Amino acid sequence: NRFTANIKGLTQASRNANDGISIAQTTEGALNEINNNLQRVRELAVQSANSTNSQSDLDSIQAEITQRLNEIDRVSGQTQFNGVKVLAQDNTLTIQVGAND
Amino acid sequence: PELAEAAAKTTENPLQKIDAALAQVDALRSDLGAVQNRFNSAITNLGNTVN
Amino acid sequence: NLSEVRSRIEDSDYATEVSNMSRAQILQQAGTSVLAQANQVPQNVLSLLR
Amino acid sequence: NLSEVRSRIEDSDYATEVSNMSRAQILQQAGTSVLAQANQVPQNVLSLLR
Amino acid sequence: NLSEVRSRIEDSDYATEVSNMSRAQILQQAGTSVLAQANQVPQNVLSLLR
Amino acid sequence: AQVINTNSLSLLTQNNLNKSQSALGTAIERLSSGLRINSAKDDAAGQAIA
Amino acid sequence: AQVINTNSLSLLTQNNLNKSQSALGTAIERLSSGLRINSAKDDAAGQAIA
Amino acid sequence: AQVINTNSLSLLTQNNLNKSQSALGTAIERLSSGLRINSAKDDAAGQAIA
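Residue numbers (UniProt numbering), protein chains in the order written: chain G, 52 to 152; chain R, 406 to 456; chain B, 457 to 506; chain E, 457 to 506; chain W, 457 to 506; chain L, 2 to 51; chain Y, 2 to 51; chain X, 2 to 51.
Do not rely on the hints blindly, as some may be mistaken.
[As the list claims (entries may be wrong)] For the chain B half of the interface with chain W, some residues (derived, Cβ under 10 Å), not all of them:
id: 1; residue: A471
id: 2; residue: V474
id: 3; residue: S475
id: 4; residue: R479
id: 5; residue: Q481
id: 6; residue: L483
id: 7; residue: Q485
id: 8; residue: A486
id: 9; residue: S489
id: 10; residue: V490
id: 11; residue: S503
id: 12; residue: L505
[As the list claims (entries may be wrong)] In silico DSS-like pairs for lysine-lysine, Cα to Cα no more than 27 Å straight-line:
id: 13; chain 1: G; residue 1: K136; chain 2: L; residue 2: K20
id: 14; chain 1: X; residue 1: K42; chain 2: R; residue 2: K422
id: 15; chain 1: Y; residue 1: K42; chain 2: X; residue 2: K20
id: 16; chain 1: G; residue 1: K136; chain 2: Y; residue 2: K42
id: 17; chain 1: G; residue 1: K59; chain 2: Y; residue 2: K20
id: 18; chain 1: Y; residue 1: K42; chain 2: Y; residue 2: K20
id: 19; chain 1: L; residue 1: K42; chain 2: L; residue 2: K20
id: 20; chain 1: X; residue 1: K42; chain 2: X; residue 2: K20
id: 21; chain 1: G; residue 1: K59; chain 2: L; residue 2: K42
No lab work stands behind these hints: they were computed from the structure.
C-beta atoms are modelled at their ideal positions from N, C-alpha and C, and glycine is treated no differently.
Hey, can you work out the whole structure from these sequences and the hints?
If you want it as structure tokens, here you go:
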């Protein structure tokens, strides 16, 4: 009987762990998108620095930068695996990876 | 009760700020991606323990 | 990723299910080859003694 | 742009449809190779016992 | 030079990856051709003895 | 303890054949369809979660 | 040691087929995209450095 | 982990082919017209500055 319980727990534990990997991948996609948006912002800042760019240029570059930052606020504010907002708030997700408590 | 507050004045350093954000983000991604290796090794452990 | 997680939950890898079907088939053939013997166990004694 | 939007709605990219056709073909071959076994499951028991 | 160093880190030369895919494919075909035998190993003994 | 009006040896042996038949039925059921959960395969977690 | 209720020979052989499947999956993953590091390919040095 | 009702290996490999298709589309788009910026090529600096 003890072995059957362990086997059931291990398999099920194994079945839940795959889910943890899936959640990590989902977070990574969002994170990758955020990083892509950030790379553009840095390049725009470098372009913006020159004495030469006019203030009518800096208005458009700021419009792009605020749209990119609204987008990395949105894609982290509302993204979810099974109704769980991964990036909106900070907390610990505990994985039961074993039959043991 | 939280909205980005209009900037008081032009940012003194537009880089330093974005290098810090990339470090927080890059660091977070790196931390996240080690947990996938931990879960993969735990799965290959549980397979042989079940067998 | 949602199709991956949903797939694990619903789709079942065969490699274990063909083996489970094979084990149930061998158990069925062994159980039927045993059942006949169980059936004829009593008759030999009764008729032999009678 | 109207042909682009109309195209998405009507035209279907194959790359998923060849895979769906392949999955249905493997399911058909597995279902037929299982069906025969299901057919012969009863006969072994009846004839063996009888 | 930065694209060269970044490229080595991210881009992977295929010449090893096609060979790794081929080795995994031969291991899959050999493992499946072995799995069936493993499946039928027990039935011969049980049915033969029974 | 050699009775023939009810053979107590044959009733249990049959029940085991019936259990093997149900296991073969579920394995054929999941092998043909391609999916582990249909209704009672997993009650709440699988179906609701799925 | 000739058991059929659980075939201890088939479980390990399958696990090896699953490992070969994962290796083929990573090789196809890197061959189609053109890039070795995606997420967990290299944890810290590759991705952070990249 | 050998499922056929949903092939988890083929979905990702396709997405990579779709990404390569979009990259080829932009390169053909800029090679035929002669101009890098059309609309979303560069959002603000290029078009506004241009």
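Going through the hints against the structure:
no., hint, in the structure
1, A471, "7 Å, holds"
2, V474, "7 Å, holds"
3, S475, "6 Å, holds"
4, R479, "8 Å, holds"
5, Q481, "8 Å, holds"
6, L483, "9 Å, holds"
7, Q485, "6 Å, holds"
8, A486, "5 Å, holds"
9, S489, "5 Å, holds"
10, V490, "7 Å, holds"
11, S503, "25 Å, violated"
12, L505, "28 Å, violated"
13, G:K136 / L:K20, "45 Å, violated"
14, X:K42 / R:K422, "26 Å, holds"
15, Y:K42 / X:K20, "20 Å, holds"
16, G:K136 / Y:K42, "25 Å, holds"
17, G:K59 / Y:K20, "22 Å, holds"
18, Y:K42 / Y:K20, "16 Å, holds"
19, L:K42 / L:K20, "16 Å, holds"
20, X:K42 / X:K20, "16 Å, holds"
21, G:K59 / L:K42, "15 Å, holds"
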